[PDB]
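Each chain, letter by letter, is given below.
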Amino acid sequence: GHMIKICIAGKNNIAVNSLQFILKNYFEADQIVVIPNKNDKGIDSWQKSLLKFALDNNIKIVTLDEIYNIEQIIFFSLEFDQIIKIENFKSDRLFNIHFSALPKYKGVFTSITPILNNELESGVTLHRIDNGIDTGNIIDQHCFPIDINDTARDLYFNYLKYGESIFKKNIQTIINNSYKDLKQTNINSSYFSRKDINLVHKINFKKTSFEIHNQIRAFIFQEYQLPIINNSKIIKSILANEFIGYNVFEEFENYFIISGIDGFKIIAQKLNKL
Amino acid sequence: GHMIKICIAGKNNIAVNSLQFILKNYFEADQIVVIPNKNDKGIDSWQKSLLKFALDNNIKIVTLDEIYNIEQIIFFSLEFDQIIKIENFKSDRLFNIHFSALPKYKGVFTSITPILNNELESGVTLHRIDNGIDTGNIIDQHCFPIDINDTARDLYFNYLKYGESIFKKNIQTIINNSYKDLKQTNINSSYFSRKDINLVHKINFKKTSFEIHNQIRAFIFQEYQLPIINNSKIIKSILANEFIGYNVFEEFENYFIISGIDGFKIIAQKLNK
Ligand SMILES: Cc1cn([C@H]2C[C@H](O)[C@@H](COP(=O)(O)OP(=O)(O)O[C@H]3O[C@H](C)[C@H](O)[C@H](NC=O)[C@H]3O)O2)c(=O)[nH]c1=O
Ligand SMILES: Cc1cn([C@H]2C[C@H](O)[C@@H](COP(=O)(O)OP(=O)(O)O[C@H]3O[C@H](C)[C@H](O)[C@H](NC=O)[C@H]3O)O2)c(=O)[nH]c1=O
Ligand SMILES: Nc1nc(=O)c2c([nH]1)NC[C@@H](CNc1ccc(C(=O)N[C@@H](CCC(=O)O)C(=O)O)cc1)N2C=O
Ligand SMILES: Nc1nc(=O)c2c([nH]1)NC[C@@H](CNc1ccc(C(=O)N[C@@H](CCC(=O)O)C(=O)O)cc1)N2C=O
Ligand SMILES: [Cl-]
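Residue numbers (the working numbering), protein chains in the order written: chain A, 44 to 317; chain B, 3 to 275.
Just to be clear, a hint being listed does not mean it is correct.
[Claimed, not checked] Only pairs whose alpha carbons sit at most 20 angstroms apart, straight line, appear in this in silico SDA-like list of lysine to any residue: (1) A:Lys245 - B:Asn200; (2) A:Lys212 - A:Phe200; (3) B:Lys238 - A:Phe286; (4) B:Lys87 - A:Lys128; (5) A:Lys308 - B:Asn200; (6) A:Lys249 - B:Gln84; (7) B:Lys197 - A:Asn290; (8) A:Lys133 - A:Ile218; (9) A:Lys308 - B:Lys185; (10) B:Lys208 - A:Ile246; (11) B:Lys87 - A:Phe286; (12) A:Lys249 - B:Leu273; (13) B:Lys208 - A:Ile127; (14) B:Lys238 - B:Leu273; (15) B:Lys208 - A:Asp239; (16) A:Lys245 - B:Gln84; (17) B:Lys267 - A:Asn180; (18) B:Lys197 - A:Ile246; (19) B:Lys87 - A:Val291; (20) A:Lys128 - B:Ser180; (21) B:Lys267 - A:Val291; (22) A:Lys249 - B:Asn119.
Think of the hints as simulated: they come from the structure by calculation, not from any bench.
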């Protein structure tokens, strides 16, 4: 049966680089379809455009409706924006790479939520798609550090890097259908929705230096927003082990020096610094 | 030097039982003074009164002002309610047992905050008192599990048990001034104040079963409050690994059946009243 073997649905460098990899190594253009996200305008910007790549390489753009009845298609979500209902699909080869160490941080804004909840590590997880949000059985996972001064943007670029890597690592077993999976546990499972995160974050300074630093850097992702302290945008936060006294807060031309209830030095750099 | 060797400041069975231990094993009444918390009624309630125990055993009740100038006094806070300033004291022998696994969960409501933040363990920590809140150097720590269906009350009674034990384990080295300590790390340090916690918790059901369960059980401490769902108080939450479908919520006479976005079964048992 069908001409079409695989759909890449989603966006950004992970979708494009994964598509490029399958086109290189596994499938021809006329065996592939893509479903870009709704906001993809076909322009390479701070991320590559999946729509652009498809148009440039002669790969058909489709809707979900067009692929539901396609027997045995591999459906791969790589930052895809639409919740699927699995019973729509004839095929049960439905996979996602989620940007967290599941079962933690299901849902959205995963470059923000682990930092804001004081994690020292995150991960990428390849899993089956079921009808819930990031709830399906885990196939592989790679965990990696959130370095102490990483911003949400830095973490997102690590997700793209390690996510592309885990795709390449696992795709052969998906294609031959010999992969193994395990149910997610109930314990440690967590979830955040768009509503749970106010993107204009008001910092609670009656917190430890680690928590104040995490509140700042979790919102540093300049293409979307920067945290504002005393009507200044912040581009970087640096947390030191140096004790400087409790509850320090001082504004300078290029930065703030801050400490919380445990007195460790934070330098919050203003965007205006040359 | 001074007749007075030690001050026990605080409340509840950890303070009473630790005081009893030192009276039995180390110091006579005249060597000990006590500073109860402001709210000590001088009667036993669901915990024993430190004030009553001191009075019954001929131990003087004092204020901070009366102990500042006592050379070499051991000041030991066991659930004490007043922030001290270390430069007030001649002595540098100032100690506390904090009900968390420091550096995590500095501050208050520590039977609530670890559960609410999805922890699987907590601890008790013996540390030196410095001028910040639970920030001084760590002398000893004992960590222990938060079992999956434990409530804030169950957690508190574990703090009392393990806190009393860590007192007994370390007190001789404290009296002999032979203990070792280590500064707290900056990383992992967290802190909650009274304003951070609304004790009338409104549950967010757009969460995992583990999160909805933790929101419920974090506020189960019947001496103070129980969480309310549709005008029923909840006395126990039970989380299973049985999948029952996503986003279940059904009310029955004696319990609710609930699941969150990942579909695992919670039974939230109503208080029998
Ligand atoms: C939209 C937006 C994003 N960001 C940051 C944080 C967020 O983690 C990162 C990527 O944003 P995004 O592409 O909208 O993805 P999220 O991390 O919210 O991931 C969710 O949406 C994407 C499109 C997928 O549907 C993804 N699917 C699940 O596996 C879902 O978790 O940019 C902001 O800082 N501010 C913003 O306003
Ligand atoms: C007052 C109150 C308490 N509780 C619970 C949670 C709290 O962790 C537990 C014990 O309450 P608490 O005796 O006021 O102590 P906290 O855990 O707030 O500890 C703080 O206060 C005590 C008096 C000490 O100052 C303690 N000092 C530091 O080591 C501080 O952390 O009862 C309620 O559920 N509801 C309430 O209304
Ligand atoms: N069934 C299914 N499960 C998945 O885990 C999944 C898919 N489909 N499709 C691709 C991607 C979709 N990821 C998402 C995640 C969240 C929202 C979302 O709209 N969240 C809303 C709440 C939605 C709701 O409550 O119904 C929000 O405001 O956060 C959309 C797509 N994904 C990958 O595996
Ligand atoms: N200097 C000092 N450090 C301590 O760690 C300490 C003491 N004193 N004294 C005994 C106990 C006192 N613990 C506490 C903890 C918090 C509050 C309190 O009122 N917290 C307020 C915030 C106060 C503030 O911001 O200054 C709140 O609303 O949460 C009081 C006593 N304690 C044990 O080692
Ligand atoms: Cl110290």
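Going through the hints against the structure:
| no. | hint | in the structure |
| --- | --- | --- |
| 1 | A:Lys245 - B:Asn200 | 18 angstroms, holds |
| 2 | A:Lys212 - A:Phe200 | 18 angstroms, holds |
| 3 | B:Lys238 - A:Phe286 | 43 angstroms, violated |
| 4 | B:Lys87 - A:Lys128 | 61 angstroms, violated |
| 5 | A:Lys308 - B:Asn200 | 30 angstroms, violated |
| 6 | A:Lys249 - B:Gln84 | 18 angstroms, holds |
| 7 | B:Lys197 - A:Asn290 | 17 angstroms, holds |
| 8 | A:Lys133 - A:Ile218 | 17 angstroms, holds |
| 9 | A:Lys308 - B:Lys185 | 16 angstroms, holds |
| 10 | B:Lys208 - A:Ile246 | 24 angstroms, violated |
| 11 | B:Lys87 - A:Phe286 | 18 angstroms, holds |
| 12 | A:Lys249 - B:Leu273 | 36 angstroms, violated |
| 13 | B:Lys208 - A:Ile127 | 19 angstroms, holds |
| 14 | B:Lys238 - B:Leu273 | 8 angstroms, holds |
| 15 | B:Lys208 - A:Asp239 | 9 angstroms, holds |
| 16 | A:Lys245 - B:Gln84 | 29 angstroms, violated |
| 17 | B:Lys267 - A:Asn180 | 18 angstroms, holds |
| 18 | B:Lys197 - A:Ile246 | 14 angstroms, holds |
| 19 | B:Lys87 - A:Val291 | 18 angstroms, holds |
| 20 | A:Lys128 - B:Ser180 | 65 angstroms, violated |
| 21 | B:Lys267 - A:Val291 | 46 angstroms, violated |
| 22 | A:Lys249 - B:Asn119 | 18 angstroms, holds |
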